[PDB]
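Participant: The lines below spell out each chain.
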Amino acid sequence: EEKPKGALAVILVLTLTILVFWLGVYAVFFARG
Amino acid sequence: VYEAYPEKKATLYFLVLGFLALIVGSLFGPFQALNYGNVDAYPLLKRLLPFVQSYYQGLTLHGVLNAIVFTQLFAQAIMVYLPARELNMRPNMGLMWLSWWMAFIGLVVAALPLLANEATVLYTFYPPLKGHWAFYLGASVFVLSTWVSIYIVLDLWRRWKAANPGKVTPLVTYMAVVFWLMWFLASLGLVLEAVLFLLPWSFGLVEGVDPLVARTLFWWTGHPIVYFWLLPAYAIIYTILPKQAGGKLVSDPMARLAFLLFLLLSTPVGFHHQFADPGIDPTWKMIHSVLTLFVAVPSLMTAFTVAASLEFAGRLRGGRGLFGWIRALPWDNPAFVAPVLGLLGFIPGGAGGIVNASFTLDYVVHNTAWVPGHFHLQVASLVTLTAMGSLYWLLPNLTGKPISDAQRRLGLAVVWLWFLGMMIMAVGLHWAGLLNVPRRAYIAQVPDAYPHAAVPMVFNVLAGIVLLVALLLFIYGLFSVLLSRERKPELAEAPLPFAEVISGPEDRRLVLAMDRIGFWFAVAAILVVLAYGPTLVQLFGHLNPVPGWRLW
Amino acid sequence: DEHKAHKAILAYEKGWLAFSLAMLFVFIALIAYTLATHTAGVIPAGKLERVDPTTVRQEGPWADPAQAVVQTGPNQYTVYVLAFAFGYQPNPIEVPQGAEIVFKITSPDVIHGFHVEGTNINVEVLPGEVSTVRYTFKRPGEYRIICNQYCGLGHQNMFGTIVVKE
Ligand code: HAS
Ligand code: HEM
Ligand code: CUA
Ligand SMILES: [Cu+]
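Chains as they are written, first to last, in the deposited numbering: chain C, 2 to 34; chain A, 11 to 562; chain B, 3 to 168.
Just chain C, same shape as in the assembly:
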């Protein structure tokens, strides 16, 4: 058949879970600069 969404799904949570974590520490980074 076709497209692997469950994969795309997972590599989504992942991609957001990255962001939060990163961008998030970037915050605290400046808050402390």
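Source of the hints: derived by calculation from the structure; they are not laboratory data.
The beta carbon of each residue, even a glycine, is placed where N, CA and C say it ideally should be.
Misleading hints may appear alongside valid ones.
Claimed, not checked - Listed below are several chain A residues computed to face chain C (Cβ distance under 8 Å; list not exhaustive):
id : residue
1  : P16
2  : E17
3  : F314
4  : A317
5  : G324
6  : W335
7  : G362
8  : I364
9  : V365
10 : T370
11 : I536
Stated by the list, open to error - Derived CB-CB ranges, DEER-like:
id : chain 1 : residue 1 : chain 2 : residue 2 : range
12 : B       : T74       : A       : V465      : 39 to 47 Å
13 : B       : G120      : A       : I297      : 28 to 36 Å
14 : A       : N98       : B       : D3        : 29 to 37 Å
15 : B       : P98       : C       : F31       : 34 to 42 Å
16 : C       : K4        : A       : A172      : 38 to 46 Å
17 : B       : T39       : A       : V178      : 47 to 55 Å
18 : C       : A28       : B       : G100      : 20 to 28 Å
Got chain C; can you put chains A and B with the ligands on it based on the hints?
Facilitator: Just chains A and B with the ligands, lined up with the frame of chain C:
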């Protein structure tokens, strides 16, 4: 099962020994998890095990066993036994047993001082902290054994290549090969650090060692080493898990690519541990930083290859729409569950490491409880769960002693509890780390020092209970799997559940380039000279050896 | 089936990487950025700067705690700190506010860690080498110090105070 796969026997010993170490080491897990909850349960431990002198004797033992000994022994098992089974070849049995003894006699020597409060320096053993001569010599013999594991597997490879002139390296073996090579280049740091320094010192032959060069050489290795811990899981996850999941490994080329990239990018990234070090150029730090983001790539690749396989699996197991396929998988089988929940904890473990990895952003968290929080999702969760939840297909395959219903459900408990229990620790530890609680400290012996972390200290208390239970339920498991006097008239000649690997045309072109293992190994070596070359050469001309100290 | 899913895997495994790479590049672009700005002061100095730990507090800048702080620019003060088995000298370190404080730190025994709770001053201190770092305390008050590299049995109890006067 013995005199036609004595490769089975010798493989089993790397596992058993592997698992002894893990037990003895994890004992301290609870007391430390409780410590980061401001509960001081060390008076107990100390009374229960009378040899323990300090919290830090336990940290040493925890780290040195769970992360140097259990891992290396598990790696050695999977990364020799799996390739040997695919090729259906017996590895050089001398050199296979040499190795084993090399790790045993290694471990016994190293433990002698460790257990005697004579080397309480932690698994990083940073100079000028100066341990007993037998701890350095010990760890040294323990590591060099991996060099025989290299030779042995390179040989299997050579031999298969001889009887298939032209043909492409089969999958599991290609994986195991780039792995051993990558570990060989990686191991050179610590082997050098030993031979040129820690041994000389510890014996008496010199009186000083240079902290910057030592922690530098050392880190050229202790990043690769975590990839060394992971890949044997990664092997299992790509080439065995797909089968038990009900589906197929959906790509051979990505599996190789992903592994290649590890060969390429695992070694030149150690200034990711030295971001807070003096006497190392910002230019070179920022360089290593980027190549560290570059090493996220394989693991990112993997998520999608693996996610794909397990969706496929699902779509076959009788799956459904957006989510359904997850419900569908063999959730009553500890061997599927363990490494899947593993991957689950890996998702956030990875977003720690990218944050970790990124220079300026690393002084938010370096040496806080975040790093333990980070790595526990990596190595104590996934790598360990995979290892754990794999006794259930590998141990029957190594003894011909089948697994019951009682044990299959015992496992399922051990597994689900080791998972959430870790998960919970990882909320606490990440959270305390943000709130600036440091790693490596007996902080429950300063009750008032961190009042503003009351909340996550609950999690850390809770983890330590949950996870104590888990561990004992595990020892219960492991010993039952292995002592029941049951022996099957056939299942030992019922091999590893290797997976069907989707493939076709375009693969040949892409696969062939990757099967150029000499060329990529050479690139890798060159990469390393570039990255550590100018820094090393600079330090070595400007050596500043300081005397040693025992502060325990 | 079967092969209708050996192309279509690769298809979006490409697409994923384009996105993996662009993204990691944005990080690289945002990290690159912090280099250009003030926050970069906390990156140690790259230049080797060797000393002798067995003398360090009995001659040169690390000898007397009452000398730790020297004026060095039009708005700049250098502070020569000492991390040592289970303490920091001076204790407390006294510094002015809103002035570019330039710490020079070393140890006489083992490695310790120098971590100014509330800021990014998170530098590893190493025997024989000198850890140079630059920060400006914009908001005054009492800042605590934690040794966050294990240094022996009194590690849990190794704290300092930074005193930013105004
Ligand atoms: C085995 C253990 C190792 C794993 C591997 C690991 C992964 C990474 N780490 Fe790390 N690490 C760092 C950077 C990384 C990066 C970039 C990665 C990458 O490998 C991350 C890659 C992972 C991903 C990109 C996530 C992929 C997600 C997957 C693959 C899950 C898929 C899930 C599915 C498919 C679900 C399917 C099922 C369903 C039901 C849906 C840095 C900084 O650059 C530090 C320094 C901190 C400091 O200041 O000292 C660090 C600190 C440590 C330490 C402390 C060492 C010490 O004692 O000083 C250890 C032991 C460690 C281990 C490990 N680390 N790390
Ligand atoms: C019983 C489950 C476990 C618990 C409850 C536990 C708990 C902990 C805690 C709280 C720490 C941090 C203590 C500190 O900051 O000094 C720690 C350290 C560590 N743990 Fe675990 N752990 C467990 C299992 C494991 C396993 C299986 C591994 C390896 C595969 C592992 C690897 C490590 C490493 C590498 C450190 C760093 C030690 C150091 O800083 O020298 N842990 N453990
Ligand atoms: Cu000084 Cu820990
Ligand atoms: Cu690393």
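Participant: If a hint holds in the structure, say so; if it doesn't, say that too.
Facilitator: Hints, one by one, checked against the model:
The interface hint given for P16 (chain A) is violated, since its Cβ lies 41 Å from the closest Cβ of chain C, which is over the 8 Å cut-off. For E17 (chain A), the shortest C-beta to C-beta distance to chain C is roughly 36 Å, which exceeds 8 Å, and the interface hint is violated. Taking 8 Å as the C-beta cut-off, the interface hint given for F314 (chain A) holds, the closest approach to chain C being about 5 Å. Interface restraint check for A317 (chain A): the shortest CB-CB distance to chain C comes to about 4 Å, inside 8 Å, so the restraint holds.
With 8 Å as the threshold, the beta carbon of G324 (chain A) comes within range of chain C, its nearest partner Cβ sitting at about 7 Å, so the hint holds. Proximity of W335 (chain A) to chain C holds as hinted, the smallest CB-CB distance being about 6 Å (cut-off 8 Å). Proximity of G362 (chain A) to chain C holds as hinted, the smallest CB-CB distance being about 7 Å (cut-off 8 Å). A cut of 8 Å between beta carbons decides the hint on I364 (chain A): the least distance to chain C is about 6 Å, and the hint holds.
Against a cut-off of 8 Å between C-beta atoms, the interface hint on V365 (chain A) holds, since the closest Cβ of chain C lies about 5 Å away. Among the interface hints, the one on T370 (chain A) holds; its C-beta lies about 6 Å from the nearest C-beta in chain C, closer than the 8 Å criterion. With a cut of 8 Å, the hint placing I536 (chain A) at the interface with chain C is violated, because the nearest CB-to-CB distance is about 31 Å. Between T74 (chain B) and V465 (chain A) the CB atoms are about 43 Å apart, so this pair conforms to the stated range of 39 to 47 Å.
The hinted window of 28 to 36 Å between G120 (chain B) and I297 (chain A) holds, with their beta carbons roughly 30 Å apart. Between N98 (chain A) and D3 (chain B) the beta carbons are some 30 Å apart, a value that agrees with the proposed interval 29 to 37 Å. One distance hint, 34 to 42 Å for the beta-carbon pair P98 (chain B) and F31 (chain C), is violated here, with the actual separation near 23 Å. As the Cβ distance of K4 (chain C) to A172 (chain A) is approximately 43 Å, the hint placing it in 38 to 46 Å holds.
The supplied range of 47 to 55 Å is met by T39 (chain B) and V178 (chain A), whose beta-carbon atoms lie about 51 Å from each other. Look at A28 (chain C) against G100 (chain B): about 23 Å separates their beta carbons, and that is inside 20 to 28 Å.
When each numbered hint is compared with the structure, violations occur for hints 1, 2, 11 and 15.
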